[PDB]
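Colleague: Below, each chain spelled out in residue letters.
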Amino acid sequence: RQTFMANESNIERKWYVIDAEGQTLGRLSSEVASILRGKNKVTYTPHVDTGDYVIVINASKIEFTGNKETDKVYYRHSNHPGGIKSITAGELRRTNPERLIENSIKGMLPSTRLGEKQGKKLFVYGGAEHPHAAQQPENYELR
Amino acid sequence: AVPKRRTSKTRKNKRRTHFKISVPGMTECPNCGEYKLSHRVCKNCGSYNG
Amino acid sequence: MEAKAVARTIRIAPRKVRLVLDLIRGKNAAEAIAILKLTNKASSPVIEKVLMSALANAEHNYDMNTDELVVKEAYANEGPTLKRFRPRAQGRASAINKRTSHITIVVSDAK
Amino acid sequence: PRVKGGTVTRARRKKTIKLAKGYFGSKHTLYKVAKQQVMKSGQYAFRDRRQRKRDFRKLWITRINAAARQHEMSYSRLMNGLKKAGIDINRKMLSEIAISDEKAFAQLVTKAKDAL
Amino acid sequence: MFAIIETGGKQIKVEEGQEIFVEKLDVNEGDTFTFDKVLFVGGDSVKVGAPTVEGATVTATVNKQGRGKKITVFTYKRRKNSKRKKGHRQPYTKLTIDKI
Amino acid sequence: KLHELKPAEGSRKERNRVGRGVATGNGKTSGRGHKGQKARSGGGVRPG
RNA sequence: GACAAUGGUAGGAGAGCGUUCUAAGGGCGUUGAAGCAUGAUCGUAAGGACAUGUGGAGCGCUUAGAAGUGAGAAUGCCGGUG
RNA sequence: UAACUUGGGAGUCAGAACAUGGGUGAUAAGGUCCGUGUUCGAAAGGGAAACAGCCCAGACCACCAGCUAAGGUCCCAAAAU
RNA sequence: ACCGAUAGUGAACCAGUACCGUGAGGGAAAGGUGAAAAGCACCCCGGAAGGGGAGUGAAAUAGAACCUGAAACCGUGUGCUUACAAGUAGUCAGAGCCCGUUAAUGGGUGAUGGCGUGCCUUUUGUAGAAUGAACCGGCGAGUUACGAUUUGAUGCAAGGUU
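Protein chains in written order, with PDB author numbering: chain V, 2 to 144; chain N, 2 to 51; chain E, 1 to 111; chain C, 2 to 117; chain D, 1 to 100; chain X, 2 to 49.
Treat the hints loosely; a few may be bogus.
Listed next, the stretches of chain V that the computed footprint assigns to chain C, with coverage defined by at least 3 CB atoms under 8 Å from CB atoms of chain C [to be verified]:
| id | stretch |
| --- | --- |
| 1 | 76-82 |
| 2 | 111-118 |
Straight-line alpha carbon distances no greater than 20 Å define the calculated EDC-like cross-link-like pairs of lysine to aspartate or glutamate that follow [unchecked claim]:
| id | chain 1 | residue 1 | chain 2 | residue 2 |
| --- | --- | --- | --- | --- |
| 3 | D | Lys13 | C | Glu97 |
| 4 | C | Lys93 | C | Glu103 |
| 5 | D | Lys47 | C | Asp89 |
| 6 | V | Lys121 | V | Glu92 |
| 7 | D | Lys10 | C | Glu103 |
| 8 | D | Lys47 | D | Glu6 |
| 9 | D | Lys47 | C | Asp56 |
| 10 | V | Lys15 | V | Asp50 |
| 11 | C | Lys93 | D | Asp98 |
| 12 | D | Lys94 | C | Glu73 |
| 13 | D | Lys10 | C | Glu97 |
| 14 | V | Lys73 | V | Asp50 |
| 15 | C | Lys104 | C | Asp56 |
Hints are computed from structural coordinates only; laboratory data are not their basis. The C-beta atom is built at its ideal place from N, Cα and C for all residues, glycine as well.
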């Protein structure tokens with residue numbers, strides 16, 4: 002029974018910054034959902050969280066491939082009879098680019114009490130700057 | 002209508018979270034020296050002393 | 001040392017008594033005698049006696065001055081119940097319960 | 002002779018209630034309900050012994066992949082190299098050898114690479 | 001100085017004075033055993049190779065033979081009058097490592 | 002010796018009581034199968 | 001010691017545990033029996049022990065024999081409490 | 001590695017889907033009535049998102065051990081961005 | 001090699017009675033203080049009932065609602081845990097925190113992850129929105145007499161047996 006598990010006491014976490022310039026929405030989202038989850042460090046510890054905080058920058062520059070800016074609809078419901086709304090992925094990005102990236106990455110993390118706490122490590126901002134200079138966020142390069 | 006399921010000891014004891022009587026809220030009288038109801042007379046000896 | 005007092009087979013139902021016992025459990029002697037005398041409930045003139053006679057054993061059997069006493073234990077238990085019936089409509093009957101309780105109070109000097 | 006049941010029914014309805022303590026509500030109190038839950042618990046345990054040997058293997062494989070990716074080589078590639086090299090160390094030891102010591106692990110990555 | 005032995009169809013990480021539990025051997029209590037199949041000698045000492053290192057035996061003393069904690073193997077099939085109940089205690093041997 | 006007796010070997014056997022649980026092999030239905038005329042009490046057919 | 005075998009309903013075959021009573025032998029009990037309560041104990045299972053309380057006069061063990069011999073379900077019968 | 005023979009004890013007589021030959025219906029029906037196989041009934045485990053009957057495979061018990069089957073390797077979710 | 005108070009007579013308890021019916025008629029429930037009443041003088045709280053002491057006794061947690069006193073159910077105190085969460089409520093993995101046993105890979109609690117649609121009847125097929133059970137305790141269903149046929153055992157054997 003020689004197996005090592007990691008507890009809150011022995012876990013540390015880093016801060017990274019990813020740039021969305023010239024990146025596909027689904028080719029960037031997949032790689033960020035493996036950092037938040039902590040599948041790059043040797044002590045995986047599925048019961049405990051070991052992931053790292055990431056900061057997206059320039060999230061407007063995100064790019065879609067083929068006729069999607071007018072042929073991809075995001076639907077929602079408000080529980081009232083007949084109330085079902087929709088907005089095209091083009092207009093969403095010219096309106097609220099933080100939401101676009103942030104609702105694609107979260108559809109790749111599990112839906113449990115623990116995947117809800119790993120979705121709070123994602124900070125998204127359209128501008129080339131970010132207000133988190135108080136830490137030491139080092140850059141991470143997507144492969 | 003009739004009840005479909007029995008009620009457990011847990012769900013019964015939550016309902017009575019609020020089934021309690023409050024403190025009468027009394028004060029000492031500056032004659033009798035005995036607790037009396039506010040804005041009433043001292044029963045032990047009647048002196049309202051408005 | 002603690003003096004106790006019991007009233008066995010009082011005729012008020014047990015979960016009507018329990019509403020009052022809460023208001024006094026933890027209070028002080030003179031405060032407890034006053035609450036049971038300014039409350040509108042029906043179990044007050046009986047519970048008060050069980051308390052006015054726990055303080056007569058706290059000083060006549062043992063020797064404690066009745067000023068520094070607290071109420072430590074106050075609970076109401078069950079007693080044997082009486083079976084009764086009340087005739088309903090269209091030739092049918094239903095049962096009735098005349099419930100009973102035991103009341104118990106322990107006063108102590110915190111030593 | 003007349004043989005009435007005595008103390009033989011009570012003696013085996015308490016062997017079943019003691020096996021159910023910590024169960025919620027009435028499942029640790031009443032016999033009819035605690036007997037069904039004691040039965041289901043055994044069936045789950047038999048199934049859960051088998052899956053414990055599957056769960057832990059997919060834990061050692063994630064750890065080893067995350068250690069190997071640092072040296073620009075996939076878990077699949079590394080495993081194929083080790084077989085050629087005839088090292089024969091199972092998944093559990095490689096994960097422990099990696100977590101405890103980084104240097105020993107490198108001495109393996111290199112051999113697998115040489116094997117190709 | 002840790003090594004990787006191969007005793008009971010399994011492998012075990014071993015350190016000096018570590019208490020390790022393995023499958024039932026024939027050696028008597030209070031005797032001294034030895035392991036002839038060592039796979040990996042490393043850590044502080046020189047990293048070595050495989051299938052098996054040359055020489056490199058590991059020695060230990062036997063402390064107790066025993067029987068593990070009891071379990072109960074119950075199963076059934078619903079709506080069909082079919083149940084079964086069995087017990088089990090797996091035996092073991094406890095050793096202490098004293099020379100790698 | 003009236004306190005250590007043993008009959009011949011092979012001779013006595015224990016009778017079979019049906020309807021005494023599931024692990025005997027003769028439990029619920031007691032060796033009759035399911036509904037019919039040979040499953041009711043009072044029996045099924047004439048000797049002919 | 002070697003090899004082979006071991007999912008199971010209706011159903012057929014084999015070996016076992018426990019309960020009350022009796023015969024013979026051998027024992028424990030006011031220096032506390034049965035039974036009731038708690039425990040982290042031993043058997044492949046049905047099950048068997050040993051300590052500690054509560055109680056206050058009866059009860060086990062070995063080998064045979066005889067059965068009102070085992071309960072979770074019948075809109076089952078009776079009592080108690082929700 | 002089975003066969004037949006004489007004696008003791010039985011249960012069963014409401015079957016279902018899938019593939020392939022045909023009636024009947026309309027080259028309709030998870031329709032129905034026959035021939036020929038298998039699986040369910042009486043069969044757990046892995047895949048088909050969930051899904052008795054479909055593809056793989058027949059559980060004596062224990063294990064933080066190895067090599068494979070159908071099906072698979074961007075993330076949820078183990079293994080090729 | 002019959003029962004031991006749900007048993008044995010309907011009936012161990014003033015029972016063919018309390019009661020139910022115009023009538024013929026039906027028909028229950030209910031045993032146990034101690035060896036001996038030695039069945040709690042007197043004192044205190046209270047209108048009493050009921051208590052707290054002091055005494056009787058081997059024992060009053062033996063006080064006439066009297067041996068023992070199980071489970072449902074109702075309470076009082078407390079060691080770990082719970083107010084962003086979608087739960088056949090368990091089972092395997094697992095930190096943190098509190099105790100110390102019929103001493104052995106100990107006991108209690110459980111943040112968080114994986115798997116996971118009660119039991120019984122009846123059916124080709126039931127998580128089933130098909131049936132049954134409010135819960136706990138007691139009682140509640142292949143037997144015997146005589147004949148027939150086949151297996152095992154024992155005795156004698158061209159005899160065997162009343």
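Colleague: Now tell me if each hint is right for this structure.
Modeller: Each hint, compared with the structure:
1. 76-82: violated (count 0)
2. 111-118: violated (count 0)
3. D/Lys13 - C/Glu97: 9 Å, holds
4. C/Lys93 - C/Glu103: Holds, because 16 Å separates the two Cα atoms, which is no more than 20 Å.
5. D/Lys47 - C/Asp89: Satisfied, since the Cα-Cα distance of roughly 15 Å is no more than 20 Å.
6. V/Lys121 - V/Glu92: Violated, at about 25 Å.
7. D/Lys10 - C/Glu103: 23 Å, violated
8. D/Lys47 - D/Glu6: 18 Å, holds
9. D/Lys47 - C/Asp56: Roughly 31 Å separates the two Cα atoms, so the pair is violated.
10. V/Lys15 - V/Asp50: Holds - the C-alpha atoms of V/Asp50 and V/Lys15 are around 13 Å apart, at most 20 Å.
11. C/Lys93 - D/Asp98: 23 Å, violated
12. D/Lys94 - C/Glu73: Measuring from Cα to Cα gives roughly 42 Å; hence the hint is violated.
13. D/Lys10 - C/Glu97: 15 Å, holds
14. V/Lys73 - V/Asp50: 34 Å, violated
15. C/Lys104 - C/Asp56: Since the Cα atoms of C/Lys104 and C/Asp56 sit roughly 28 Å apart, the hinted pair is violated (cutoff 20 Å).
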